[PDB]
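The chain below stands alone and is given in structure tokens; this is the form deposited in one PDB entry.
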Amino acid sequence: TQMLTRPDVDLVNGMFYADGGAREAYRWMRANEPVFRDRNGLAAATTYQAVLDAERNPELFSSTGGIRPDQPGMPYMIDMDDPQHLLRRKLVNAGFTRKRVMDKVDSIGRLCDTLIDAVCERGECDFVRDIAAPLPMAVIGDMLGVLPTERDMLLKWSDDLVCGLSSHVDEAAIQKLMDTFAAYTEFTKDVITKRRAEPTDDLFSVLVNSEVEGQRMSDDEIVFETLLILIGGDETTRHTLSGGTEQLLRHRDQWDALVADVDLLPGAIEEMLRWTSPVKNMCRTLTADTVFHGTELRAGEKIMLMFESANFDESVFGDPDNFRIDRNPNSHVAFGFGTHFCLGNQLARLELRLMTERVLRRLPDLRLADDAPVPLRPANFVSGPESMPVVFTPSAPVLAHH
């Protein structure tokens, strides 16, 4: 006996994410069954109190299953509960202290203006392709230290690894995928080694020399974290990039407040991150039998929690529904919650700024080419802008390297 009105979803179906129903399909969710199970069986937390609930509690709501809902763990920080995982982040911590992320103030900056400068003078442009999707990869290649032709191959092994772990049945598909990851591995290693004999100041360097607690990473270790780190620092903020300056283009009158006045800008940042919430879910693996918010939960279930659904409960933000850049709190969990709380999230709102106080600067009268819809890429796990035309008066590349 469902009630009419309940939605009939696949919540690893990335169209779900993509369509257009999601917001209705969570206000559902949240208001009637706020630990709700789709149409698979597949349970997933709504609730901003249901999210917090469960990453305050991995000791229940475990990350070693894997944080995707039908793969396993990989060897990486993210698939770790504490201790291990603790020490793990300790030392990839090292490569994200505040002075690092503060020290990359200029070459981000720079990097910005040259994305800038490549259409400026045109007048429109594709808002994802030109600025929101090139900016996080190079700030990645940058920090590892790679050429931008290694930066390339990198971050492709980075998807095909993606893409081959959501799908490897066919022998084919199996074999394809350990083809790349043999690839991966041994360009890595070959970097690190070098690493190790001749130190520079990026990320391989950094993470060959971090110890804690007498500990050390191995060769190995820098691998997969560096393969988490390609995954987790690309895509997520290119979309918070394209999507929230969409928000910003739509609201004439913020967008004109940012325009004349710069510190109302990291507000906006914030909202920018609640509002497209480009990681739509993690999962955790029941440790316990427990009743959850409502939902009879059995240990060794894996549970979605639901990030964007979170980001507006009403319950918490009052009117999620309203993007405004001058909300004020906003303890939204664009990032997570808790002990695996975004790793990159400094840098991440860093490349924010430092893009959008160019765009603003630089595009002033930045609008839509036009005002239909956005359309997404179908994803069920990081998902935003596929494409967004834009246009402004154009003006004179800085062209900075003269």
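Take the two forms, superpose them, and find the largest set of C-alpha atoms that agree within 1.5 Å; that set is the rigid core. Residue numbers count along the first chain shown, from 1. Compared with the form deposited in another entry:
- The residue among 80, 108, 230, 217 whose Cα moves by 2 angstroms or more between these two forms, once the core is superposed, is 217.
- Taking the rigid core as fixed, one finds a CA shift for residue 192 of 2 Å or more between these two forms.
- After superposing the rigid core, the C-alpha of residue 203 moves by 2 Å or more between these two forms.
- After superposing the rigid core, the Cα of residue 293 is displaced by less than 2 Å between these two forms.
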Given for the second form:
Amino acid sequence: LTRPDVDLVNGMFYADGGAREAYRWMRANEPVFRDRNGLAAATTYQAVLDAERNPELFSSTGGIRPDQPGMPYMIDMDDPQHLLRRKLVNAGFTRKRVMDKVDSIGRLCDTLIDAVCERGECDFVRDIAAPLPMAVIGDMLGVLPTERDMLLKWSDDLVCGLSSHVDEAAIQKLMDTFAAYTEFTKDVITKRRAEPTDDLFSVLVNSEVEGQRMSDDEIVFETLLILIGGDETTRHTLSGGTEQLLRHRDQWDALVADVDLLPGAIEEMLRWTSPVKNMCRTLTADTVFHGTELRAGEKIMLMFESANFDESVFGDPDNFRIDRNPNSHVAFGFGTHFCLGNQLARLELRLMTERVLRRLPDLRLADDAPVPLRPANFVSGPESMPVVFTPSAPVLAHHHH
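Show the same protein again, this time as the form deposited in another entry rather than the form deposited in one PDB entry.
A lone chain is what you will see next.
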């Protein structure tokens, strides 16, 4: 009943378990909430949707993060400039192109589960949830298998440095990582200008914007956007979502018995986990918006998890239900910047989860104590997730490789 006293840039807010109740207060008492530093946040589903549908008033050019300026990639652009960029990568993400990866992504899933299935235990995050989407986006970007871990670690070091509570060492680590990734990209630019390939990094390297080659800086940021979108998101729905299924074993059981229930489960896994906690918009004019006066140039945080637990929309949002139908979550955002990879992400979730259900049917949490969350203010989900299961046979290994 007391107003939350919070810093929405503090990663701890998103990790310590108190967000859900804080959101509830906001949605009921101050839909457009200003935190203790005065940072405005849209907390109701309707307020998020209203902001999303009016990009003219709620611009993306100011920078998607609350404490950083606009950067040279598509998510920090408004149309038509934004669309110019989407058209450069869209062909790689058509539904047909995504569905043609079923066999490939399936083998990655089977490979990872092969690695642990005979053990009777693994960490669901480290061994399953994190590596699969990394490999998938890596494959699209031409990344070699032995370099996946390097890029994944870089990605982790960038998004974990996103918090007002981290020390100068973490910030330095963030800068050094970005410089390392920059040098990586410069090598790729030189190589793919001379020897273009069919992968997405090569396509971006040789792409054109407004009559000229995409700039070096823009190539760095566009490729990095795709990499992080790929490897710091789906992982949290896989881990956090599977956790909810294991904690609602009736629902786990229904899924093990009927895979036709999996698509509905995936949407609830998405709604619940809401990997992207927020995205910023920049007001282009003074306005009053759902009870709060906003000023031009100020940013507002679109609070997607808060929106995804809006009682007025979902009825019973605090119940995890794989039978939730319809399920109009905004885990992928809405409108202009609606997630490029959302179909890829849904496929990853489907192909991996169906294999887990199938090959590890008696999976369960190793302990029932809290699954720790990453204290970061942007993307966040489970840090680790010990699980146990009856050992089972590999599907690739022992069956002719």
